[PDB]
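One chain comes next, on its own, written as structure tokens: the form deposited in one PDB entry.
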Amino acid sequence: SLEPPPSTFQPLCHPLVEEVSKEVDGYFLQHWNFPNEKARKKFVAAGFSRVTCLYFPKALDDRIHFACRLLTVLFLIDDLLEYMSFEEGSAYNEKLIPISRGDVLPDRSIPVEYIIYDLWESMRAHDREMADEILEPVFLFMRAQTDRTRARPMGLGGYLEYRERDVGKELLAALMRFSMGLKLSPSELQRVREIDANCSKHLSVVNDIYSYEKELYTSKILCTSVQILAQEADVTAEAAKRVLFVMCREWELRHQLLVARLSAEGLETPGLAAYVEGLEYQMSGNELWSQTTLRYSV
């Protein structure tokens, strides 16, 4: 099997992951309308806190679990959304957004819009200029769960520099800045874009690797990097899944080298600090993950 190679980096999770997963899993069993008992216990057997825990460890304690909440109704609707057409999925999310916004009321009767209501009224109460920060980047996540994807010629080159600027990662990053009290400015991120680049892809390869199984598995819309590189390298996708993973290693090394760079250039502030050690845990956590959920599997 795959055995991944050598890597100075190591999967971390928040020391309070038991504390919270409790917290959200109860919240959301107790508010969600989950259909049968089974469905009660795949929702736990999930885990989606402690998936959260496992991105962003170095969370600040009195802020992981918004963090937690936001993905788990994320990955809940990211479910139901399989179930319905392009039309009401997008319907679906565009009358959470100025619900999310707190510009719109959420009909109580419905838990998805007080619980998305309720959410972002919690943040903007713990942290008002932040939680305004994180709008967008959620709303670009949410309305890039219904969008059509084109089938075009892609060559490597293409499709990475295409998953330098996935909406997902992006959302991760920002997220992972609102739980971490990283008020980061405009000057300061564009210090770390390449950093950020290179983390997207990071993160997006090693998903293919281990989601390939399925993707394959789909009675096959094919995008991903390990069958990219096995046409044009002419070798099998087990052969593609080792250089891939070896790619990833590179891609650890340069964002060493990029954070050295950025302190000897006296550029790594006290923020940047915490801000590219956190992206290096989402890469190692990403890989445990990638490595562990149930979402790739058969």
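C-alpha atoms forming the largest set that superposes within 1.5 Å between two forms make up the rigid core. Positions refer to the first chain, counted from 1. First, how it differs from the form deposited in another entry.
Aligning the rigid core between the two forms and inspecting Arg242, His31, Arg50, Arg40, the C-alpha positions shift by 2 Å or more at one residue, which is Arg242.
For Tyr83, a C-alpha deviation below 2 angstroms is recorded between the two forms after rigid-core alignment.
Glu136 shows a C-alpha shift below 2 Å between the two forms [criterion: core-superposed Cα displacement of 2 Å]. After superposition on the rigid core, the Cα atom of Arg254 is displaced by 2 Å or more between the two forms.
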Given for the second form:
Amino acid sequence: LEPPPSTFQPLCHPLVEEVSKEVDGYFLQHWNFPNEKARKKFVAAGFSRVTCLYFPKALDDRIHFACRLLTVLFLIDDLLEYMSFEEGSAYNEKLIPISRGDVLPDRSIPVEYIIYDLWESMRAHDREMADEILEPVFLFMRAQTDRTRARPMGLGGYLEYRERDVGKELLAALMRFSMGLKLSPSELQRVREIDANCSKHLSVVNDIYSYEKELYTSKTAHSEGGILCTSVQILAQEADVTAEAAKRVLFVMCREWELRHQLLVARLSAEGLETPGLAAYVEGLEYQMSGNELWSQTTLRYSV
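Can I have the other form now, the form deposited in another entry, not the form deposited in one PDB entry?
Shown next is a single chain and nothing more.
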């Protein structure tokens, strides 16, 4: 699969090697893997590597929090595939009060205490910015088991839903936390078109590379949790082409979204609305798009 040209230059956080060792090591100590094969597969994924590609301008003393959060979320994303919507929702809802810190974790259950300790540590570091990630995470978690996944969707409807399931908002708040980048409500409201555009790119680039993994899952895992929900399948169906053909077409659309990002950024600046905070922010989103692509292309999570 030959990606169409992009003008985006992906960047990776400079501390990626040390932070990946730290965070992978933490999960290898605490998380419950079913066997050694699974432990190796976990390390192969490079969950801290994608985090460092997503947030290359994260502050050095903050990048690890982001790595931990995305790692645990990846792990849960995989667990949900073996559950019904009802079971998955129950699993996720239990972690919400724990994430807030309202409820103590069962220390015999790694997901509970990992989640609890992580969020406590983030609030200890920067309470205001950590709290601003909570609702975006819960919105993502609830989308994961939304019944809409069991209903046919068109492309537009899918992308509207997928903005939640792909965790666009959580990634934005996490990026801001990791960079210590504070924005006003007016600044935030100002870039909503830019956000919505960026989420389609993240979503579809992921869909393109994760399709084979997810097709297999739809055949082998739970009839609800493993359900095939992806732009690749949707376009293949609507246009009556193969999944591989749909990937090639979707990749061209991703590049059109890249062009639109540049246009929207130019226009924000042109109408005198680009603050220094907003400039750092929209550049931040570009790294998310190019980083997501670079990792997705190379990660063993999708290639094997």
